[PDB]
Amino acid sequence: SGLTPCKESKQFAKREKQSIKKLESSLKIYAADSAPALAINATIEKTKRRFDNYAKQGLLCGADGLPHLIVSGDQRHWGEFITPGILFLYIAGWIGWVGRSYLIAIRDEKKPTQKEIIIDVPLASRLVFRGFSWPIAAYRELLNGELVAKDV
Amino acid sequence: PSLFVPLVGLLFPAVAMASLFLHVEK
Amino acid sequence: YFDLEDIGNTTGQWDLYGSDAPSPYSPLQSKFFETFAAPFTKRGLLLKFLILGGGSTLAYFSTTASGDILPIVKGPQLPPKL
Amino acid sequence: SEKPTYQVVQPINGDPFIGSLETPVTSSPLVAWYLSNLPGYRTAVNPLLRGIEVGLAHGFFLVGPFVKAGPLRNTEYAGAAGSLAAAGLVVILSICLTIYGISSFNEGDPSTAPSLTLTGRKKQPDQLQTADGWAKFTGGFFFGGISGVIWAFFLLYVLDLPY
Amino acid sequence: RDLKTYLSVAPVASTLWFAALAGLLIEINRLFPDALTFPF
Amino acid sequence: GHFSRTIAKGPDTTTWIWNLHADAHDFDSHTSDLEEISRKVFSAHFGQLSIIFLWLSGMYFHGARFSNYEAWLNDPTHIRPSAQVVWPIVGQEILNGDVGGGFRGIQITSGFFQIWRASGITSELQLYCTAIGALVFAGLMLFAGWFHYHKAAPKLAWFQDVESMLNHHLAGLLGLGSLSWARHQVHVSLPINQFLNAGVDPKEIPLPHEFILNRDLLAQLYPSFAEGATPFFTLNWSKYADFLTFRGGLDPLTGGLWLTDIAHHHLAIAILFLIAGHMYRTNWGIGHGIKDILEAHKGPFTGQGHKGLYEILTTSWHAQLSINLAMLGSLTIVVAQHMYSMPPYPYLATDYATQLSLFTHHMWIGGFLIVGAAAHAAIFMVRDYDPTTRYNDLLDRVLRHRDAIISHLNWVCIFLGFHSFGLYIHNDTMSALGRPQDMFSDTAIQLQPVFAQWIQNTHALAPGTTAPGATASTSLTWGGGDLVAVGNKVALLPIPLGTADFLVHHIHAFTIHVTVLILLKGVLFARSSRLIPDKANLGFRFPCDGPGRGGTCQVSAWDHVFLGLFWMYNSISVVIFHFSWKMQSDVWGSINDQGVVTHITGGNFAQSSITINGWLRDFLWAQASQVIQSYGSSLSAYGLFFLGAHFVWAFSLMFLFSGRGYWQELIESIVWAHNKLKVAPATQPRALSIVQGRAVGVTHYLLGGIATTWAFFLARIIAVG
Amino acid sequence: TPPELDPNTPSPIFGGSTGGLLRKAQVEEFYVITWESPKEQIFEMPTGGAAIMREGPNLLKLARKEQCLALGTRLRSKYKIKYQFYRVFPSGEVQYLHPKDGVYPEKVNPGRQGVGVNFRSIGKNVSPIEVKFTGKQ
Amino acid sequence: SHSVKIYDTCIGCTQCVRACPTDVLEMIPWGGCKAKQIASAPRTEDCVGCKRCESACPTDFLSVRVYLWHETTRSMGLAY
Ligand code: CLA
Ligand code: CLA
Ligand code: CLA
Ligand SMILES: CCCCCCCCCCCCCCCC(=O)OC[C@H](COP(=O)(O)OC[C@@H](O)CO)OC(=O)CCCCCCCCCCCCCCC
Ligand SMILES: CC1=C(/C=C/C(C)=C/C=C/C(C)=C\C=C\C=C(C)\C=C\C=C(C)\C=C\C2=C(C)CCCC2(C)C)C(C)(C)CCC1
Ligand code: SF4
Ligand code: SF4
Ligand code: SF4
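Chain order of the listed sequences is F, I, H, L, J, A, D and C. So the first sequence is numbered by the authors' numbering: it starts at 80 and just counts up by one. So the second sequence is numbered by the authors' numbering: it starts at 5 and just counts up by one. So the third sequence is numbered by the authors' numbering: it starts at 57 and just counts up by one. So the fourth sequence is numbered by the authors' numbering: it starts at 49 and just counts up by one. So the fifth sequence is numbered by the authors' numbering: it starts at 2 and just counts up by one. So the sixth sequence is numbered by the authors' numbering: it starts at 38 and just counts up by one. So the seventh sequence is numbered by the authors' numbering: it starts at 71 and just counts up by one. So the eighth sequence is numbered by the authors' numbering: it starts at 2 and just counts up by one.
Extracted from the complex, chain F is given alone in its bound form:
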């Protein structure tokens, strides 16, 4: 953390100006009122906006003038990894739990492989939303989240 925040940065600020000047260089040959015109100018506002937002949310920015994320767990920078990370695992589990729940329901009777290549069973009866509460799989763990066939 030798980095000083993107607000009091001279490099990250300089980098903003450099990028928009190059974009401005391009619209000079098309004449305003034209299509390639807005597209360039629309790109410029997005450029200004993203530079503006990064300074707001914190983001430390190294000497190179680009934001560096801090994943130490620091409460000041939770939004840089932990909060998106919690969101990922949620969806990651949800997918995992829904998929597992499917192959389980299929196994008894029928031709199980038939359901795997073709699933004219959609979410089975109603399996998707079951993922809304996947984390309750912790309670599935205390019972039989795992099979006892091989080892423990």
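Keep in mind that the hints are not guaranteed to be accurate.
Some chain D residues close to chain H (C-beta under 7 Å, calculated; not the full set) [what the hints assert, rightly or not]:
| hint | residue |
| --- | --- |
| 1 | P80 |
| 2 | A95 |
| 3 | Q96 |
By construction, these hints were calculated from the structure, which means they are not laboratory data. Heads up, the beta-carbon is just placed ideally off N, CA and C, and yes, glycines get one too.
With the hints as your guide, set chains I, H, L, J, A, D and C with the ligands onto chain F.
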């Protein structure tokens, strides 16, 4: 001096390859 | 059609292709060659003579004026940091 | 087997179960006559005499390439002395010949060569093979090679045609 | 008409699913582009 | 497997899924009924034609709505040809770059812009119609296949009448096709382009149909059109010579072949294909029995010959497919080497970016198709070769002395390999040791290609002497002292041939001979071998026959195509490299006011392409700087694809250097982890088959390798040209 | 069973090839195969192509043994033909192999001798052990 | 040459024999299974070691096992 030895370092492969050839076909 | 356990040779490509020629000979000049090529006909003795004939290679390199073994002269480069 | 065959590719010596076939290149009187002659062939002749012919011819041939394409093409100093190089090759080439001759012993069950001509005459042996025979031949080659080398240099070390 | 449904229920399902997923993701990026963090 | 019932049966392993696609088009493995197969493939061709037709519709459509073709028309010299536009999402809009004409788009290299100008197309209105007409055709073609498989499928007897099919295809399609196009040229292409070369502007050009109706507009230029009766019926034909000529060479203002020549060309080609169309026997007497004529040729060397061929090439698709693939591929290659030397389109040669990519594209397509000929030729030997019913005798003997052909071809490759690559290793060693006199160079011991230099010499002195009607040369690479310069760019110039040109041709001799070796060895030894006397019973596509006999890996004819596939890559990959450097170094460049010509790399080909280090530095390292510095610019995608290809390529080595036994054992440990958590699929996961792993390997190798140059070349010529 | 023996028989029509015997036959071994055809048919012939079968005893000389069986197994299929092949050697000698018992190996016969039969069952093999043998005895 | 063994876990389906192109195996009267036959490996000298026999075996793991040992011309599959 050093212009006598790298060739015997090349006479030696000739000698070694010949001897070994006789050894392996025997 | 023609397989004969009696002769196993013609059965196989045992026969010398007509390129064999077991004909006469060549002029009497041979009487000369047989006299002077004899020491090299012994084998093993010749193997040695040729290897020790490698003493020629040593002699030829110990004494050799025109092979690049001299700079010829220059002032050498320092050169990246001396 | 002549001559209304109206076709070329007679099975090798009448045997269609031995791999090879009869073609003009394989068997044409001109080719056959040519092949029958030469030192490698010409069985029943002294091996030393044959090596000399072969050796002498090759040694002479080797000089040209070495002298012309040598590191000193291109030099009085290396005007043709490179022929010495051609000579060295025949020194080495005589080793390879000598060591190969040790694959034939002196017992020697002389000759691994076929014991019959085509036409299955069933008569005669070859003798190039065998320890004594092969060795004579090398010695001839060595002799023939060194000489062919010197002679070719000779003419070149005088020449006049073609400068 | 049972047949068309099944037909749409093979690996094509994957394309439709990933097309729908892509559309969602792109549109999310339209409304919230250049997102390096979750700040709420 | 949808195609077969047992195949469809049920899935127990994942191998079923891979097999399903692998034998999807393998029509002769689904039935033994020849008629059923033929009916299948015939409909399949319709479905193909629909796709390429749809493909064309999108090219015309995009040219209309998403291109600056009109803008390029007025100022072709320094406007960059661009079709297709990128939506401004997740930062994409940077790929939209300055291409001139006040337009933002990706610069293209297909060459449609040059095609459209030649056709006399002037407005998006015209492109819009052609797009719809193509879609209408695409609807037909797709419908036509459905109609000829479910409603009215032809008999086997229909397909077997090859004589009738021949007569039509090289007359009804070729002849009238050439003739029909010949008409559009002199009525639309030639008049309109004549205006375009006069700087009249497209909107100031009258509409094409006004040229056809009243002769007045078309007659003021090319006054032979003035006579209503026309001198054609007078059969003098000398009067017509104004709109068509045998001038040849190149127009100094448009840089393409004179349309004045191409019209005459098609006029000749048309009837030449119309006459040659009247050859084979049908129903009304006059004609040939190809069966009869084929039988007639026999020989002291061939004994019976060609007898029985007609039976083979009328009952075996793979036999016909091999022949067609062998020459259609060969045709694509000569197309590449005829369009570069004789630029047939207006402002084509000037557009260096298009020319490099056109030549390179045709070389790969031609290269691939030829390799495919090897496959189906081998498939024929395994599946359709039956001496009992269809003996040829030509095929025999070939099989009879097959150990001979391969052994000789084996030797030639070694001779060529030494006498090609070795020379370079010589030069690389003599230069490193500080003795350039020793090297094979124009400055030292030179190996001049006097034969090629002599053929070019006679082509230069051809007009007037052995070609009176020819005013100028065929191509300006055979010119002598001529120089065409469209814009500030050089369209074409006499191409020199030196010792550096002697080496590279001998490398192409090599690479082609080895590629032939691998493929031809797989075809002849497809059925039997001393090693495997019954290989034909193992099929065409099998991995092996065990570790026995020391090891019998890749003995299949399939694997010979697999090995020869890399070599076809190695081959072309160096042809296109020869093309790129030679054109940049000794042809392409800018011409000044005085007449001094500066080439892109400045004639460094002659003394630096004789070294391996020279290609690695002066060519690769040098000309890469564009692709590796394309970040933050319009050519951003090429930089990424350059890196992206390098990956799919190194990704192939994973499949090629290993075997499935390792992977299956690894999966075992992974299946265990699944069974612990109730997440084991009923469809048991299996590793790829031994043969599939090779198929997967070579595809990614070719993709990553080919793709990687694609980005190489397209980044280079665009930034420089 | 008494081996029948082969003396002289005519060879099938063919005209030659480059896949025939070569030197190995002269110095090590070569294999011959005999079969009787009820018709002058046409068979593929390994290591080449197209040869007329002939009608009669039919005698053919090949190499590797395997080449003979391949032909023989094709000879038993397609055409309902019985066949037998031997290993000639270079100095006469009469080694007759296959069928041998006189009844095909695939068909169980009364007095053959097991040779290399393990009544342990696989997976019950040991681990070395620096002593001679590998454990799959 | 190569070393081949047969195991009592065999069921006498005779597919290993039909697969062999050199005739290394054969069937044998036995009392161990319903077929009352069992594979035999008398002629290991002609064995090339291609494991065609193993790819025809239906027993859970092979009743016939080929152990590639010393190499000979016959095992090397040479015709020259
Ligand atoms: C009009 C609608 C229609 C319908 C309902 C059918 C229905 C059927 N067809 Mg027919 N067919 C049609 C149109 C249709 N077809 C057309 C327009 C053609 C001309 C090309 C054909 C040519 C054809 C042949 C040769 C055969 C059939 C067969 C069949 C039967 C089996 C289906 C099958 O082949 O497996 C699979 C179903 C598919 C849809 C496979 C996909 C193939 C399409 C064309 C892919 C499209 C190309 C794609 C864009 C390539 C780019 C991919 C890219 C994204 C990477 C089934 C009754 C088969 C049969 O009779 O069984 C023995 C058969 O032999 N069809
Ligand atoms: C004249 C054109 C032509 C035609 C009509 C055929 C027809 C056929 N071929 Mg042939 N082939 C050709 C050209 C042709 N081929 C050429 C030029 C080659 C040399 C490369 C081959 C090499 C070849 C082999 C090795 C085989 C065939 C086989 C077959 C048969 C069935 C195989 C199948 O269904 O495909 C299946 C289709 C797939 C498995 C799809 C594979 C995925 C492709 C290769 C990826 C392509 C990448 C893409 C272009 C770019 C990347 C896109 C991606 C990133 C999204 C069928 C008769 C098979 C056969 O056994 O014959 C009966 C066989 O094994 N062909
Ligand atoms: C660049 C080439 C390359 C790549 C990318 C890999 C990658 C991998 N190897 Mg491999 N390997 C290679 C070359 C390569 N190898 C070579 C030359 C050899 C010597 C023969 C080996 C020998 C080898 C062995 C012995 C093993 C591996 C293993 C692995 C896996 C390790 C798991 C991992 O770290 O990340 C996971 C995967 C990746 C990082 C790459 C996945 C590719 C992308 C990221 C997937 C995304 C697809 C994307 C959506 C595009 C879609 C395409 C579209 C057409 C659908 C990984 C898949 C091991 C393994 O299998 O562990 C499980 C292992 O046992 N490799
Ligand atoms: C030094 C410069 C002078 C050039 C001469 C040397 C260069 C040319 C090489 C000589 C080849 C001889 C061709 C004889 C002309 C010729 O081919 O004769 C063809 C000859 C004719 O047979 P028939 O008369 O029976 O043909 C009619 C019937 O058989 C068919 O219905 O058939 C054979 O020769 C069978 C054996 C094949 C011969 C294989 C040799 C193949 C050579 C391979 C090299 C190809 C080079 C191509 C380069 C483009
Ligand atoms: C905090 C943090 C961190 C750290 C981390 C760590 C270090 C941790 C850890 C961790 C660990 C060390 C963990 C472990 C574990 C374990 C186990 C043993 C597991 C399991 C599991 C399971 C069983 C799952 C299942 C499932 C589910 C539930 C979902 C879906 C899927 C399935 C279905 C698959 C860092 C600092 C980095 C970042 C920031 C934050
Ligand atoms: S590793 Fe594969 S190709 Fe090699 S012997 Fe084994 S099965 Fe055959
Ligand atoms: S490995 Fe081959 S030769 Fe040996 S027993 Fe098995 S099938 Fe017979
Ligand atoms: S495959 Fe196995 S079970 Fe069948 S006969 Fe051979 S050893 Fe016995």
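Comparing the hints with the structure gives:
1. Taking 7 Å as the C-beta contact cut-off toward chain H, the hint placing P80/D at the interface holds, the least distance being around 5 Å.
2. Interface hint at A95/D: satisfied, since its Cβ lies 5 Å from the closest Cβ of chain H, which is below the 7 Å cut-off.
3. At about 4 Å, the closest approach between the beta carbon of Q96/D and any beta carbon in chain H falls short of 7 Å, and the interface hint on this residue holds.
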